[PDB]
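*Asks:* Assemble the complex: chain O is given as a structure, and chain Q must be docked to it using the hints.
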Amino acid sequence: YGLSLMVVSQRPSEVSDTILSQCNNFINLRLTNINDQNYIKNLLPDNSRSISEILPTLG
Amino acid sequence: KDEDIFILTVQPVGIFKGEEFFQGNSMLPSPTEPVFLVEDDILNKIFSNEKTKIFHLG
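For the record, the sequence lines run as chains O and Q.
Using the entry's author numbering, the first residue of the first sequence is number 469, and each one after it goes up by one.
Using the entry's author numbering, the first residue of the second sequence is number 60, and each one after it goes up by one.
Bound conformation, chain Q alone:
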């Protein structure tokens, strides 16, 4: 009541090392670390495979 608190429960699914994606868990960001929104290019780099086996399901 004194202040407004906004808390999100969030699950880890994978890690970026650099310009690439690794899938896994058991990885812990230290507290106070910043949280951002995902850009669309970062999202569409994932869910995309080599052009020889791409199926655009929608």
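One chain only, chain O, in its complex shape:
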């Protein structure tokens, strides 16, 4: 219909999973909460799981 989402949040563990699971691309800045990093890792595509370990280090 001509609508899409570009959700932004500090706490992915608090945003409902019904919408974050629909994000096809991700813009991931530094994350320091382990409960949020684990969620963003599990939600990411498989090919990017290896390269995803940079999130605590990005500055």
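If you're looking for bench data, these hints aren't it; they were derived computationally from the structure.
Watch out, some of these pointers could steer you wrong.
[Said to hold, decoys possible] Label-pair ranges, simulated between beta-carbon atoms:
{"no.": "1", "chain 1": "O", "residue 1": "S472", "chain 2": "Q", "residue 2": "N103", "range": "18 to 28 Å"}
{"no.": "2", "chain 1": "Q", "residue 1": "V69", "chain 2": "O", "residue 2": "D514", "range": "32 to 42 Å"}
{"no.": "3", "chain 1": "O", "residue 1": "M474", "chain 2": "Q", "residue 2": "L102", "range": "35 to 45 Å"}
{"no.": "4", "chain 1": "Q", "residue 1": "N108", "chain 2": "O", "residue 2": "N503", "range": "27 to 37 Å"}
{"no.": "5", "chain 1": "Q", "residue 1": "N103", "chain 2": "O", "residue 2": "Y469", "range": "22 to 32 Å"}
{"no.": "6", "chain 1": "Q", "residue 1": "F106", "chain 2": "O", "residue 2": "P524", "range": "20 to 30 Å"}
{"no.": "7", "chain 1": "Q", "residue 1": "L96", "chain 2": "O", "residue 2": "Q490", "range": "48 to 58 Å"}
{"no.": "8", "chain 1": "O", "residue 1": "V475", "chain 2": "Q", "residue 2": "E79", "range": "36 to 46 Å"}
{"no.": "9", "chain 1": "O", "residue 1": "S518", "chain 2": "Q", "residue 2": "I74", "range": "22 to 32 Å"}
{"no.": "10", "chain 1": "Q", "residue 1": "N108", "chain 2": "O", "residue 2": "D485", "range": "31 to 41 Å"}
{"no.": "11", "chain 1": "O", "residue 1": "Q490", "chain 2": "Q", "residue 2": "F80", "range": "37 to 47 Å"}
{"no.": "12", "chain 1": "Q", "residue 1": "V94", "chain 2": "O", "residue 2": "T486", "range": "46 to 56 Å"}
[What the hints assert, rightly or not] Computed far set for chain O versus chain Q, every beta-carbon distance over 10 Å:
{"no.": "13", "residue": "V475"}
{"no.": "14", "residue": "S477"}
{"no.": "15", "residue": "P480"}
{"no.": "16", "residue": "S484"}
{"no.": "17", "residue": "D485"}
{"no.": "18", "residue": "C491"}
{"no.": "19", "residue": "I508"}
{"no.": "20", "residue": "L511"}
Where is the CB? At the ideal position from N, CA and C, for every residue including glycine.
*Replies:* Below, chain Q alone, put in the same frame as chain O:
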């Protein structure tokens, strides 16, 4: 047993360029590089902000 070995596991947290401090990681000192103890002035230059927003918590 033949000799005494003393090994410390140490984590990087930030880098000095000169007379200032940069925070980061992914930085590797080459082996055999010397290791020193931190002087107190170098420590207290960090943990200190501008006088307009200093809160001496202890």
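*Asks:* It remains to establish, for every hint, whether it holds in the given structure.
*Replies:* For each hint, the structure was consulted:
no., hint, verdict
1, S472/O - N103/Q: 18 to 28 Å, "51 Å, violated"
2, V69/Q - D514/O: 32 to 42 Å, "34 Å, holds"
3, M474/O - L102/Q: 35 to 45 Å, "43 Å, holds"
4, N108/Q - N503/O: 27 to 37 Å, "30 Å, holds"
5, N103/Q - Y469/O: 22 to 32 Å, "60 Å, violated"
6, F106/Q - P524/O: 20 to 30 Å, "22 Å, holds"
7, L96/Q - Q490/O: 48 to 58 Å, "53 Å, holds"
8, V475/O - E79/Q: 36 to 46 Å, "38 Å, holds"
9, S518/O - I74/Q: 22 to 32 Å, "26 Å, holds"
10, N108/Q - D485/O: 31 to 41 Å, "39 Å, holds"
11, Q490/O - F80/Q: 37 to 47 Å, "42 Å, holds"
12, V94/Q - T486/O: 46 to 56 Å, "52 Å, holds"
13, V475, "28 Å, holds"
14, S477, "25 Å, holds"
15, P480, "23 Å, holds"
16, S484, "33 Å, holds"
17, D485, "31 Å, holds"
18, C491, "27 Å, holds"
19, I508, "19 Å, holds"
20, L511, "24 Å, holds"
Of the numbered hints listed earlier, those contradicted by the structure are 1 and 5.
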